[PDB]
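To begin, one chain is listed below as structure tokens, in the form deposited without the ligand.
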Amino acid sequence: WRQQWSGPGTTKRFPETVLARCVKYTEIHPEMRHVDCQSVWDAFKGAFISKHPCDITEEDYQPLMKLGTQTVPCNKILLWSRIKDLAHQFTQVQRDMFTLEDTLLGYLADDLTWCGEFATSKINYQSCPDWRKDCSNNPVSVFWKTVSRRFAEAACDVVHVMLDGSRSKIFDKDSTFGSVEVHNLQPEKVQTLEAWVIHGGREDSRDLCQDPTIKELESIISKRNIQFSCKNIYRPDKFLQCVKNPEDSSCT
């Protein structure tokens, strides 16, 4: 019965964008110089083409994961949930820290959508499955689920997570962070998780670290035998300014 999927189609020039980004990334990060970008693309494409976009599994991405393996300083990880723009501006200033999208694999896929068809070897630019309305095991959702697991799993010592304090659920156990990332923080490596609850402005300067969802996060982490810490960030704009110029009079 299905005629179309409910989500946007594969990004236009998805093949050129993925190949190009891999080239640009490996040039900026000399350490990844050994990466054969055409091979990366082939592995990526091989993961979903000619396959029904609702039966993708993590194994499908295994070859891409292998080729894109990258070692990231485990005490320099910044996880984030529903506040990507600030997390990315933060790492652009605090360059020694990484978000998933600062790794080769995450950079390749960020902001892109893709899927194939099981009946052909063509990329579907018309539409792609929507995680909620169509099926959860689509090419895009399985990729992020797979690479998010690996990223959190590599974290050690003090791991930080940025959260949007203006949402009804600052911490949402049903997000990728609450389902995939938090449960993959290994206590043998991770000492403590520190959440930075970002304020939006509409809300008063209340202590969002007391929020019920944050107490939920704290319990979750406590049971993982990992310490939990939470900090309010009343002024996200001033915050970035101070990361850039730490010794400025406007800083707290």
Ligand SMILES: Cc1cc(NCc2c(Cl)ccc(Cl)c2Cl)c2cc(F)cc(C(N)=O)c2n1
Given for the second form:
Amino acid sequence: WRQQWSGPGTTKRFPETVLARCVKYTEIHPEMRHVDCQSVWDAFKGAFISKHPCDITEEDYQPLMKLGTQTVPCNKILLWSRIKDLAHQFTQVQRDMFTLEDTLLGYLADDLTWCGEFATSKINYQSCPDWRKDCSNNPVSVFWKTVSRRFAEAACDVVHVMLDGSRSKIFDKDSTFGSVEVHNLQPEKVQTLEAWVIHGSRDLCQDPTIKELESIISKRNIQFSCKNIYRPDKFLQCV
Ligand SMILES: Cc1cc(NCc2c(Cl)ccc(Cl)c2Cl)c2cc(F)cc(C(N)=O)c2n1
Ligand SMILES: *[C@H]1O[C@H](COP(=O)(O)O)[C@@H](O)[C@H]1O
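If the structure you just shared is the form deposited without the ligand, then what does the corresponding form deposited with the ligand bound look like?
Every chain and every other molecule in the complex is listed next, the one we just looked at coming first.
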């Protein structure tokens, strides 16, 4: 008998991949040059192997968190929601700005799936828990929750956030941003959350869910700002 989850399994070559990503990142970001990637992988693995893939906690990821400590300039943070492809394109241009995935820990896991199983050191390449159908506390979900929190707490000055203007929910309170990030911005260091709405011809800052974002933020004594981005590709140049 082998247990079958609703979600897709661990990505093939996942151990080999994460390790290789760590080696590459260290090579190209000179300040990380002396990070031990085998120790980093071992701490990643350590967080989820031999554990039921539904009893994962944030503490499990702390050994890895500590190894992948990176405090980027907090005034240079770019958050995003659902519209990740464009946000990375952006930081591949501006290049002083940072999304989570341009940090080591996020770079290591972006687009990847992993999970283990109780009591053995094996990795499940056949399936992993679905956040909806099976478990909210899986290894992937707990990973992003944990780093999303630390990332957003770090932030300062003006934090900019990208949102998708073709979605029915421009701001989703149940997304990683609406659920974890927004609530961890510190009023001490963050003055403004500036929202960018990307039109994938009318003013989408008026939107109800944007107005709802304005409420969450306003109640943290942080100022809110919203700008339409009519022609997206034109923004990429005019930066
Ligand atoms: C696969 C994945 C999942 C991410 N977060 C899931 C999620 C949602 Cl949608 C809502 C609430 C919570 Cl607490 C959680 Cl954990 C996720 C989040 C990111 F910020 C980034 C990625 C990514 N780059 O792959 C991500 N991926
Ligand atoms: C933290 O979470 C957002 C992306 O998650 P969504 O579920 O909101 O797309 C990203 O900006 C990270 O900084």
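Numbering follows the first chain given and starts at 1. Residues that one form lacks are left out of the comparison. Take the two forms, superpose them, and find the largest set of C-alpha atoms that agree within 1.5 Å; that set is the rigid core.
* Asked: Lining up the core, where do at least three residues in a row all have CA moves of 2 Å or more between these two forms?
  -> Core-superposed, the runs shifting 2 Å or more come out as 1 to 3, 241 to 243.
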